[PDB]
Amino acid sequence: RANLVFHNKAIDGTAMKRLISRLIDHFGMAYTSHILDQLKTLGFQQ
Amino acid sequence: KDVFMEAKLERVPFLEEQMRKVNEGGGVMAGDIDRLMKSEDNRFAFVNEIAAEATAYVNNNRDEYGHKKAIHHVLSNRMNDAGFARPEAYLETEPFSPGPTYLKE
Amino acid sequence: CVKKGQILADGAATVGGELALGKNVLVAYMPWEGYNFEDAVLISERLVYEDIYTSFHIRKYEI
Amino acid sequence: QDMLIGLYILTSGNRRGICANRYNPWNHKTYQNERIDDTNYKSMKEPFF
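Protein chains in written order, with this note's numbering: chain A, 113 to 158; chain B, 792 to 896; chain C, 103 to 165; chain D, 57 to 105.
Just to be clear, a hint being listed does not mean it is correct.
As the list claims (entries may be wrong) - Just a few of them, taken from the derived set where beta-carbon distance is under 7 angstroms, the chain D residues facing chain A: (1) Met59; (2) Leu60; (3) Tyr64; (4) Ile65; (5) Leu66; (6) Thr67; (7) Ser68; (8) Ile74; (9) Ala76.
The hints are simulated quantities; they were obtained by calculation from the structure and are not laboratory data. By construction, the Cβ of each residue, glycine as well, lies at the ideal position given by its N, Cα and C atoms.
For reference, chain A alone in the conformation it holds in the complex:
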């Protein structure tokens, strides 16, 4: 069920950059590339 943090605040610009850095260091640059594709699609939808 992964090892993530349930956000409950506003993910502003500086919070997105922090989140990507932590996902990169915890998973690598191969898992993060797929996350970014999914977040791009979900961000465009909402």
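Following the hints, position chains B, C and D against chain A.
Only chains B, C and D this time, still in chain A's reference frame:
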């Protein structure tokens, strides 16, 4: 004794659609390249070894490559010796295509 | 009848006695699906089958 | 920009205080008040998914 045995192990459902978009986007190859490079010390040596192996593949069995992309062939060969089915040369098919060409978005 | 100096004939992009370099089109400002990312526009088919934006270009080949 | 705005709107939360209720929730009333707890029980509250 530790009561998290299954709360952290419950299978996430609805994953079937998040299994395909990996496969046409090149995600499987991208996630296999890094796992092959997870043990290499110098990436340039790994790349040169892959290129030399692909050159040997082209030389020994010339009249097959042009579609199979022998670099994909050697990558699949290296990924197929430790499980990781990885169909030959990462070849893509068109299971539902009574036509010549997809529009590709 | 026409007095001196009045308009007799129109011209290119000069409907009426006025300059006219474009067309009036309904527009809504909204992010549709990322297809209007940065400075991209998302027009409809109505602009290609009603000849809303259609121009003639003449090329001169000399030999 | 666009994906960032989408994610910000997604993770923006509800309306915290006076922007969600016109009157104070102290407001001693609407208790379905009587000597017993056998009265009308709507208690809209929030869903319990």
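Evaluation of the provided hints:
no.	hint	result
1	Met59	3 angstroms, holds
2	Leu60	6 angstroms, holds
3	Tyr64	6 angstroms, holds
4	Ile65	6 angstroms, holds
5	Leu66	5 angstroms, holds
6	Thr67	5 angstroms, holds
7	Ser68	6 angstroms, holds
8	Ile74	19 angstroms, violated
9	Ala76	17 angstroms, violated
Hint compliance for this structure: hints 8, 9 are not met, and every other hint is.
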